[PDB]
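Encoded as structure tokens, the structure appears first; notes follow it.
One protein chain is absent from this view; the other protein chains keep their places.
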Amino acid sequence: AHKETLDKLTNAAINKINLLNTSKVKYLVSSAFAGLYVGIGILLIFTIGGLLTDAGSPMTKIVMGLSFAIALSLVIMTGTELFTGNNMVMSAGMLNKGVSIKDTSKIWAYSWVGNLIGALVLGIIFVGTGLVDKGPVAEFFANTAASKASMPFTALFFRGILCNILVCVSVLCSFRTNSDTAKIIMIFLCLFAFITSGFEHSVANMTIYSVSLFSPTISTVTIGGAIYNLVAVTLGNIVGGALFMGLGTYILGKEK
Amino acid sequence: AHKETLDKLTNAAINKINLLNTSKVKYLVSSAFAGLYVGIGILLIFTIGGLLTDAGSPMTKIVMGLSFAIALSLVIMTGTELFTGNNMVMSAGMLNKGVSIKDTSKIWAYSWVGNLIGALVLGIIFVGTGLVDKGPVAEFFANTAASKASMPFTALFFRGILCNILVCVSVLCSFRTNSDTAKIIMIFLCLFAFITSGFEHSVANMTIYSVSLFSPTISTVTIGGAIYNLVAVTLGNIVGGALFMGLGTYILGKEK
Amino acid sequence: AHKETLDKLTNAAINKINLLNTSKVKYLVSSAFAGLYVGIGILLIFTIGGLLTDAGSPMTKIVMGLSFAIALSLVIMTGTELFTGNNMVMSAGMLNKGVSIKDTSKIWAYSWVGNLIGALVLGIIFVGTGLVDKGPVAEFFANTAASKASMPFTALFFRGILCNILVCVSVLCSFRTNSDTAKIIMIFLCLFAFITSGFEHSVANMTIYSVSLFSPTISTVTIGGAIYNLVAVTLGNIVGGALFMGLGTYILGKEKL
Amino acid sequence: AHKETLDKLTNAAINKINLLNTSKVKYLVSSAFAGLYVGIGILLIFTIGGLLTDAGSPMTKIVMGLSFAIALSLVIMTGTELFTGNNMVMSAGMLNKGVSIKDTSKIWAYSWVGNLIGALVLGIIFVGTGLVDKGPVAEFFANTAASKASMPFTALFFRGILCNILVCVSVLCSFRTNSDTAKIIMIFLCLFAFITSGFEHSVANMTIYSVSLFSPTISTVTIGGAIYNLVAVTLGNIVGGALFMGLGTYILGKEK
Partner (left out) sequence: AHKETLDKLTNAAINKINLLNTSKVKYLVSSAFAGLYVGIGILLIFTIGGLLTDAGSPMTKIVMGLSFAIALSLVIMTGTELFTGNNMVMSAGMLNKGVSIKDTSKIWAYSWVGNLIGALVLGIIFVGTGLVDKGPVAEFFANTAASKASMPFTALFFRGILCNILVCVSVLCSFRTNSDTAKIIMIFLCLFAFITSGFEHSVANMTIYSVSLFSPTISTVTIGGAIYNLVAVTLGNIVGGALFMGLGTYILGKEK
């Protein structure tokens, strides 16, 4: 069971360095589709957070957390590239040696730049809608945009650790079943979990900092506070995806 | 995986005009339906919005985007012609040289009109019920059908982009999975995102203005404003479905 | 896929009038199961409607719609004869030369009369439950039954279309997928819409003007006001079932050949 | 599709008496399993009424119906034997001569009794939990078991009919599809329907009264109403399965 999976994970890992070594335009795009897809999820639950944080309701983080299913679901279904999964994958394929430590940091790089490109594009467009001009919407943006850049390191690190856990554990669950519906539910869950709980996702945080910097209605974080939050959380994501899930998957299904 | 998708996409475009070119009756009826189905979605959400606006609920815009999955789900299940969705289909199709740059417009036209024919035929029939005869139902249709015409062209554009990114990706999602349940789910999300977040949909607004103009009890906008909108937004809906969605599927899946 | 679907729609007309001929007991029964099944869901959403009207809640009309799904789902899953439905199937199956205007009108009658007999039986049985002796629910029933009589024939007619447009469209959907999960899900949305929006449904209104006439804890409507509501609604229903759904499906799927 | 369905039922019943004609120990520990599964619902949906009635939220009777779904679900997904199911099963079958009045009743009382062991077994255990010592949960048990016992036979009898119409019909639906998912979705709506509407279920009452009795903190029921209710309701559920759903399904697909 775990072999057929660490098998699936290994092949897919390969099929990633192969497309990269084909066209960079291709790999670049698909990374900058996942970023934009995932970013869509921030817009929903932030248009949310405002309306419910504003009216005092205690349901905000709950309703928000639930309504972030559209994120990793657009990704997995469209078959696009997102770094947070490239972690657990590109790892066990480096452990199961389908791709090397070479090919791993080769990936995690471009996908991360790709993933950012997507956020930035959705930013421009999203900001260009006047939606984040006035109101308690860009207010929820700004504050949490600021909330997260002022947060100490080990949190953003350790919060980041638990995030890419669920994210991978879902991505894995995708590999483990053939019912797309079932994938979407497991995802729906694993994101309801991390979001409401209150964890951190780099490719996500990007769309947040993608909007709150093009903003003609505030900064409260600058670029410096963004770099920090990412590299903090990026760093966190990796231990979670690679050294827990990426590794443990490699073990559980190693033809030993 | 992306290759295959592209092919399927390409046929759908080929198989589109092909039909339009055999019959214009059969195709008009289809867009006619589609635009009405999408407008059934509007009646529902607006009968909600007035009922929740009247009671000042902090949720109203969250319950609405939840209650819109019916619109596009009815399209994809009855297998009918939706102008926005085509934007991806024909653009990726025309691109993949399966169909022409003149087969492309001849679809967009013939559907953007069909949908509206439906929007109309449905708009009339709604009025003849008279939930619009007065009260917060009739009201909501108004106060909102006004707000759209009196809005920057810079807004209606990017609003109308991000919407029809979520609309085609929902469609793209139906072109990649064989679960009719998962097809519906993703459609249910994508409209949760685009409607709750305040994006704009040409074929939907058609029913809005199909009803704020047939309703004896008042306008506040009149044709020009309705035209200033469908136009400012349909263009956006093309720029989203074509330049973003269709070009990317194309890039992500052509043999280099 | 529109041709293969008409084929199905057509093929479905055929073995229906074939069954009515085969025997009238077998057919009328099913018809009643349908009425009952649909009416069942009326008892649910009104109880909800009473529970929640009584507390002046805003989300009443909304929960009432989100809940009615069971009505048309039982129909489809049990595979049973529901008037509003045959409005689309039988028509487009005629147009597609499946059977005659004879069998069409002959089917529309029995279904409508069997749907009625389920509505009948359910009502008495339900009055027997004593769950409409007094309280906010027998109220909601009468409150609601009256409106549906005390309403202009023009709007009862029209509302009654869209409703059958939505019922039939969900039927149409039951024919274009092999996912019983998908069937129900689309029935869900379609009813959520038709109900919460404000549309009217002969077979389900059949179950409303059955409770409030059989309950001795009030007529505020009596038989006439029903005859009125039914008629206006049964027409509209027909005008959406056979004329928008029936026609369209045919025009989409008839081989010009 | 009717004749297949009928036949399925008919064979289903055969297997039943055959199992009963094989092992008594095997049949009566399946029975108890159902009743126990069923009773679990009653715990949850009274734990719900508890909280919900205690804060007078109008939605008490609504959330109960939505939550009682696990009952027949656990039974139907686990091939366990539920008395109320065999009312339609045993009868549809014996009407096709797949069995005899005798098997039917043997079943009907056997199944009924194991079922009664379930509720007996649960309640005891459930009493031992602390959850009925005090708190608004127990008031809800007492007050309910009470009314359930102190209500005109006529009534209870009719509430029986309606209930088992839904119970069996849902079971009917299980026999008519293969999407195990759907079997559930329907079970869901049928129980949402039957609880929230007011109808009485026999098996499920067992647990109710069982809990109330073996609760040291006040009964208001005594075994006095127990028998009364368990009879009046059961007598209804028999006309529910047998005379409606049972004989009705036979008349629907017999080679006549």
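A few notes on this one:
Note that the chains are named A, B, C and D in the order they appear, and that numbering of residues resets to 1 at the start of each chain.
Note that a residue touches a chain if its C-beta (ideal position, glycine included) is under 8 Å from a C-beta of that chain, and two chains touch if they have at least 3 such contacts.
The missing chain, though absent from the view, touches A, D when the full complex is examined. Per the touch definition above, the residue from A:77, A:131 or A:162 contacting the chain not shown is A:162.
Note that of D:179, D:217, D:220 or D:222, the residue touching the chain absent from this view is D:179. When the omitted chain is restored, the residue from A:124, A:223 or A:251 that touches it is A:251. Contacts to the hidden chain, counted on chain A, fall at residues 1-2, 58, 61-62, 152, 154-155, 157-159, 161-162, 165-166, 169, 172-173, 176-179, 181-182, 185-186, 189-190, 192-193, 196-199, 248, 251-252, 256. Where chain D meets the omitted chain, the residues involved are 23, 25-26, 29-30, 33, 36-37, 40-41, 43-44, 47-48, 51-52, 54-55, 57, 63, 67, 69-70, 73-74, 77-79, 122, 125-131, 179-181, 184.
Methods note: only the chains that are shown with their structure count from here on.
For chain D, residues that reach two or more other chains under the stated contact definition are 181. Taken as a graph of touching chains, this assembly is arranged as a line, each chain contacting the next along an open chain of partners. Annotation, chain-chain contacts: A-B, B-C, C-D (touch as defined at the top).
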